[PDB]
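The chain below stands alone, shown as structure tokens; this is the form solved without the ligand.
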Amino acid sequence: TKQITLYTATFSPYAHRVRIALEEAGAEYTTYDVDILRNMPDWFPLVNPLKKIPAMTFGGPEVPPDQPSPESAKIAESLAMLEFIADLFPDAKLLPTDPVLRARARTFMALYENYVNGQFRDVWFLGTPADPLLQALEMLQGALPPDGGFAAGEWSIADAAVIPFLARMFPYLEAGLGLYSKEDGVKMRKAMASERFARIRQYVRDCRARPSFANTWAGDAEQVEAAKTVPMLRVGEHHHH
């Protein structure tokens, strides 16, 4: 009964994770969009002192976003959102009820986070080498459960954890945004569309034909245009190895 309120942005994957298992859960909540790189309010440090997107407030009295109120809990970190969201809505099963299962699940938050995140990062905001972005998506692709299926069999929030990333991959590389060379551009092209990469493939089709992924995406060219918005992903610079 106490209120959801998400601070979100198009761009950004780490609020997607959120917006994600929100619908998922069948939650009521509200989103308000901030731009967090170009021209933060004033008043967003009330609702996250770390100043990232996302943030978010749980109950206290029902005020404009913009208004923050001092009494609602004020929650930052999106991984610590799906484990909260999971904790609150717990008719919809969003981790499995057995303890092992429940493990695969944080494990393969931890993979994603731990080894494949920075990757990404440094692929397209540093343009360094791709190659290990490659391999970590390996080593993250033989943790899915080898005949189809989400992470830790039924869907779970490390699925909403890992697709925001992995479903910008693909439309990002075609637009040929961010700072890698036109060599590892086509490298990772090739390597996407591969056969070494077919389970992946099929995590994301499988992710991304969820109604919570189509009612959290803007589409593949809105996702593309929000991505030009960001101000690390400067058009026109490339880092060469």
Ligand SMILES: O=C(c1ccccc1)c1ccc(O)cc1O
Contents of the next structure:
Number of protein chains: 2
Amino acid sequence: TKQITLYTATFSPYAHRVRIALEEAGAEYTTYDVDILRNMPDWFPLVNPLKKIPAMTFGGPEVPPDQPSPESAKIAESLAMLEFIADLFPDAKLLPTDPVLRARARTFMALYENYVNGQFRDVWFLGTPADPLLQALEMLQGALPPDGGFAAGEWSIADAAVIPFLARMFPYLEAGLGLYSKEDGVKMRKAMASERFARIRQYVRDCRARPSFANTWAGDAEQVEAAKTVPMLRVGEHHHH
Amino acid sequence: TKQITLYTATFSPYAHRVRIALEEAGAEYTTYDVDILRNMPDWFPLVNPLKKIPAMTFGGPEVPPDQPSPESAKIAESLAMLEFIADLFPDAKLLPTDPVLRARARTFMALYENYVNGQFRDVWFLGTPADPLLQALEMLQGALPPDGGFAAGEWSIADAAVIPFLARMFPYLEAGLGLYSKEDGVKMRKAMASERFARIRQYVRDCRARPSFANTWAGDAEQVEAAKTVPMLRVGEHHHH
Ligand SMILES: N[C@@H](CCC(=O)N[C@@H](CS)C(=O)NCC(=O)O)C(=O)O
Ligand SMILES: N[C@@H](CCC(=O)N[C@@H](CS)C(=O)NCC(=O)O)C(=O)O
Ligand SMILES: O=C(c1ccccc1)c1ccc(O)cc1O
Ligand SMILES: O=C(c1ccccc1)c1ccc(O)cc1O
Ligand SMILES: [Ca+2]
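Same protein, different condition: the form solved without the ligand was shown, now please give the form solved in complex with the ligand.
Let us now look at the entire complex, which starts with that chain.
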């Protein structure tokens, strides 16, 4: 009965995680875009004092999203939201029931957050060399079951956590968006098309094929256009050596 | 019934997290120290291919820790281990049952990992400025229940995740450990003794008072001596800004 409102933005992979999870849960919920990076509403710190997207409200009285109520629970951090949605919709099996397989899902999420996401940040926002990122992606790929399936076998929130980032990489590369040089851009594209990364391409296809992805993705070209609005992606700018 | 082996190191706050959780669970477990920073055993990548402490094996046949079995599950990443221990020992109530309180624990852990941990690492091991660490710590304090109590009210794995780092900060500061400037040392010592930080000092006292901390801590002086073995804590080097 308790309402869910997700404050969102199309460019944001962190918001995308939570939308995918709500889709897989079969939840009833509201999304409300926020221009967090250019024109933050002055009421936004009431739903998240960290001034980051996503933000979530839960319960309280039904109110327009730009008039959040003090009675709703204010939930921050995308992975905490993923675990919360799993807790709220236990019959949707957003996590395995078996402890070791659940652990595989939590490990995959931590591998992405601890070793991969910062390399994406380095390469795309600072234009540092791509090799440490390719190395971290090979490590992540290796945590996948090699003969197919999702991170923990069956689909789980761990795949919600990771696919927003991997799904952005390919079209952003094809647009040359990000502070890396053309040389590293070509090197990444060749690498991500090579047999070294066949397994992660299968993984990206399997995740994108689910309705939770189709329903929360603007389309490749539209997502590239939203990403061009991100100040830190510095459209037209590239660093060399 | 299945055996648990935790591969540990006294200096490591990551390994400390998992010991605390295993104490709180009432688990039967083995610990095995690994000189991971100065002399890794050749067999250790068998228990963690990432070559990081902690490492955990679960189930398989009962074997000496330095002869790990192929048959045991290999669980990496300390936060995944905390969730696993909660999953294995539900009667221990290592997380709340209420979904919103569970989200408070997950949020606290993410706030610590995403905004505070890296500041500890960078201030202590790189000597970066202390002000952003103090800001991150004031943010994390603000997430605590104001009147007293642990991150989600009752004790949970969120407190296992955070106390290893907060509890090291104070004796590290007093012993003068880390690559930050004299001026930033004085600054952090005055800050952490000031009224601004009274709530986090009570949190630290409350976590430390539990047997789970007492039985997993070597003592302040002993922990300071272990930290001194860390190569990156190069004695006599300081950075200035
Ligand atoms: N750890 C946070 C990260 C969220 C995040 O960094 N969001 C970006 C958009 S992709 C943002 O809102 N930045 C605004 C700011 O840094 O204050 C989460 O997982 O939800
Ligand atoms: N994110 C990991 C971090 C573990 C980690 O960085 N451990 C340090 C010791 S405190 C380590 O083992 N370093 C050896 C290495 O990085 O290869 C976890 O939470 O378990
Ligand atoms: O948008 C991206 C992005 C996604 C995929 C590849 C490169 C960048 C992104 C990546 C990290 C991050 O911390 C914040 C972000 O918005
Ligand atoms: O030991 C510490 C540490 C603990 C308290 C204050 C400063 C540092 C530690 C902190 C981050 C990290 O990534 C690895 C580490 O060993
Ligand atoms: Ca508060």
